[PDB]
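Produce the entire structure from the sequences given, and follow the hints as far as they go.
Chain by chain, the residues run as shown.
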Amino acid sequence: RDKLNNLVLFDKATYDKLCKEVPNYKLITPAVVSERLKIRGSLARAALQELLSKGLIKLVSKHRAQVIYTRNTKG
Amino acid sequence: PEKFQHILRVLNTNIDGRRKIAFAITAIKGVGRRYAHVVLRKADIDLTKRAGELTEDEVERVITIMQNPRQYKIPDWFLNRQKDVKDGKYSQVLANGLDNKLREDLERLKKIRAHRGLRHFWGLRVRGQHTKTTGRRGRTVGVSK
Amino acid sequence: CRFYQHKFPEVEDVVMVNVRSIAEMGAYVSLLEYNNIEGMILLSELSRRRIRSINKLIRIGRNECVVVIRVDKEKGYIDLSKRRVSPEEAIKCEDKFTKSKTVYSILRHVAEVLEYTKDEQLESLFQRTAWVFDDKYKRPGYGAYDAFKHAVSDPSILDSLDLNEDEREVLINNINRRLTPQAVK
Amino acid sequence: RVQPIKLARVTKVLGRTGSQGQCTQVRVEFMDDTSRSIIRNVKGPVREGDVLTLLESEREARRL
Amino acid sequence: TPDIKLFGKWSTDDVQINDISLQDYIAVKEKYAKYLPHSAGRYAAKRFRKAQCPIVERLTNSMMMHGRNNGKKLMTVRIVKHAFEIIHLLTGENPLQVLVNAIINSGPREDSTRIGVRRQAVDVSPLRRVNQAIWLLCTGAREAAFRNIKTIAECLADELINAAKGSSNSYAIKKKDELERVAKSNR
RNA sequence: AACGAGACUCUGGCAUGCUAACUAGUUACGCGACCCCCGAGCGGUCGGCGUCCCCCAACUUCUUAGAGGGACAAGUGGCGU
RNA sequence: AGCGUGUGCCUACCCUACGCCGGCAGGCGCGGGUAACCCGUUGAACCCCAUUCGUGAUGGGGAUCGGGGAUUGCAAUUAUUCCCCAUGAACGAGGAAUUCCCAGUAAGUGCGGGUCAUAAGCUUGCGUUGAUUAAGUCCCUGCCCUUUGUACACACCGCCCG
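Residue numbers (the authors' numbering), protein chains in the order written: chain n, 41 to 115; chain U, 6 to 150; chain A, 6 to 190; chain d, 5 to 68; chain H, 29 to 144, 149 to 219.
These are computed hints drawn from the structure, not numbers from a lab.
Possibly wrong hints are sitting among the right ones.
Simulated DEER-style distance windows between Cβ atoms [what the hints assert, rightly or not]:
1. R41/n with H114/A: 18 to 26 Å
2. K43/n with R106/H: 26 to 34 Å
3. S39/H with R88/A: 35 to 43 Å
4. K25/U with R41/n: 53 to 61 Å
Just so it is clear, CB atoms sit at the ideal spot from N, CA and C, and this is done for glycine as well.
Written out as structure tokens, the structure reads:
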């Protein structure tokens, strides 16, 4: 029997990584951000809306149960 | 973030400063989901923030509202002690005060030896339930002699 | 972590294992001398004669001795058998396992030095000294337990290489706390 | 040591076999030589003119 | 003009079936191109009628399964829709090619029948190969999602991508390579 | 030769063909009324929306329910003393 | 959505629109219906669209138990039923065994009728969303027909030896 320990707010070692990792991923989604950065799904939802208003990522699709985002139109 | 304090002590009980404020204060006995929302609504606190994001004067505003509901216009029909049998008051009872209020109620029934007080003393079901087939907590007994 | 030189077991030799579940075609099992890797025993490989119940040949969480009948290196597939194993080979399996569990109980404790943040330190401490102390002797059949017994009677074994003081003392103690009753015979 | 895959076409269905009627018994013709035909047992639903994939061609079976 | 139907967003004409035993049983292209994987058709009424159902609807039927999900077909159409959108971002390829190749790799071609712990090896028919493939990859997607922040739309995409290359990380490839190992010992 | 089986009785799916309805509706207009200009084009004859309202208009597609109709292994290809 | 019920003939009770008072259960006033006419275009649940939570026995689960308020009744304590604040158990897909099912079916989902002064976790009907697997066999448990053997007819759960 085991436990995760996901963060509720950022710190600079993980917030600078959020801004550096943007071009690396073909698929951007709250769950893949959560497991890869060790972040709660509600912080992953909030972080991906900021990058969209900064113009750094493209929204592919939205629905109640599933958002989808991708890299900024090249590569 | 501010790296602020993320565990805090409120009424001789510990609150995790890591849940949403309306679900952190329900760690106090006598404060359910329904009552915690109404207290924060009278206290003028935004429900969107984490419990470690409240300032020192914001927690004192919530604590002073929980202990005196009737002066901040929380209704009488909301409260968990109504016309208390010995002195006729209306209030909400919290923390270690709720333990003692039940402790006094069970002894008050036992002293006059009413049927409720005897069922609580013998350890049986107090409300109307049957006892032939449910609530079993002993051991299997064999038929052999 | 691994207890041995190599990533995967070799064919037609005996390993110590622990049973995790039972299904329609076989039992699923974790190998113990390797890093808990998956393998399976087929229900046809349990006995030479009729089975009255399966639960008294195998049950979950018990340790067991089996041969490896087939391996595929690329996909990581291992097939196991019990019909094959003679009781001398089961005693030999318990000796290999005891000689390995004692050495691992030294190295796992000696690793609690420097930063110790990752299993990288366990694999780095297993390599060099403990690995070169028995890679040379796989065919004769010794393990690093015998090199540690030589290092107890003369530490020149340890002085021949890059070294740590827990790696000296914990190694010596896990022999000497049991060997000091060198009694009358 | 190793042998290749072979493909064969169903030319007739002969009946059903096994303890509960589970397997169809069938005649198949190899697609590399139209003269070569054999009998096989098949687990699923089968129809005339289906193609089977054989992991060994040299084995042949009668009534299990 | 009406001879080409894009299934909302995805073309059928560029798709290929590379195993000649399955071309009759994987329904794609021509009269089997539709706008949505949902019809009220009477496919149960005769023995081989099942083979005329479009393969994306057969995946949609087999997904509305596990007790709490019986009859909920409108929820199950959007799972397939959002899985195909994730497959196109990861691979850059047509989602219908990924589904067809996952079905061609996942169906077992030898198996052993039961006769008394005792078994005998037998051949598997092309209709049972396509039936087995769908059930295995739906089961693989269903077991991985059960306690993870991953949605079932992400798990169904991961399972189809791993099956289309035969990686042995998928549930369907491990189970196929177990059935053919056991049957090879019962010759 | 007799009973059981089957036939028989109720029920489901089809009829723009029949009979005929203010305790069931539709369409249309003498028209009448509210709202919008989005419409060729105006605030209109003409357009859009209505369980908003009369007909001493026409009718039975949708609802009700009486009479009849229809399916027989009847047609075409194989297999069967 | 579809199937139904409605002023009780001794026997004394029915189904409800609309307005006003109350957080709620509920209360007062005033109309229609002995019913294709009134409740009623029977604004049903799952489902559908948007939000919040984040793998934690958790905002999953709701047993157990304290205090207060209405309604039926001649009478409610061994709590009739209903409403409100509080308390917050076991339980992480279940051992040997074992039941039902082949198409608008299984399973999911809610609504009428019966019993009823008060009241379904039962049962008997109705609609709505809607699959996977088979088109076979006599292996297991049984049924039908024929040939055959018998020391059985209380009929194999029979009869009988030291």
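Right, here's what the structure says about each hint:
no.: 1; hint: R41/n with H114/A: 18 to 26 Å; verdict: 25 Å, holds
no.: 2; hint: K43/n with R106/H: 26 to 34 Å; verdict: 33 Å, holds
no.: 3; hint: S39/H with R88/A: 35 to 43 Å; verdict: 56 Å, violated
no.: 4; hint: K25/U with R41/n: 53 to 61 Å; verdict: 27 Å, violated
Taken one by one, the earlier hints fail for this structure at numbers 3, 4, listed in ascending order.
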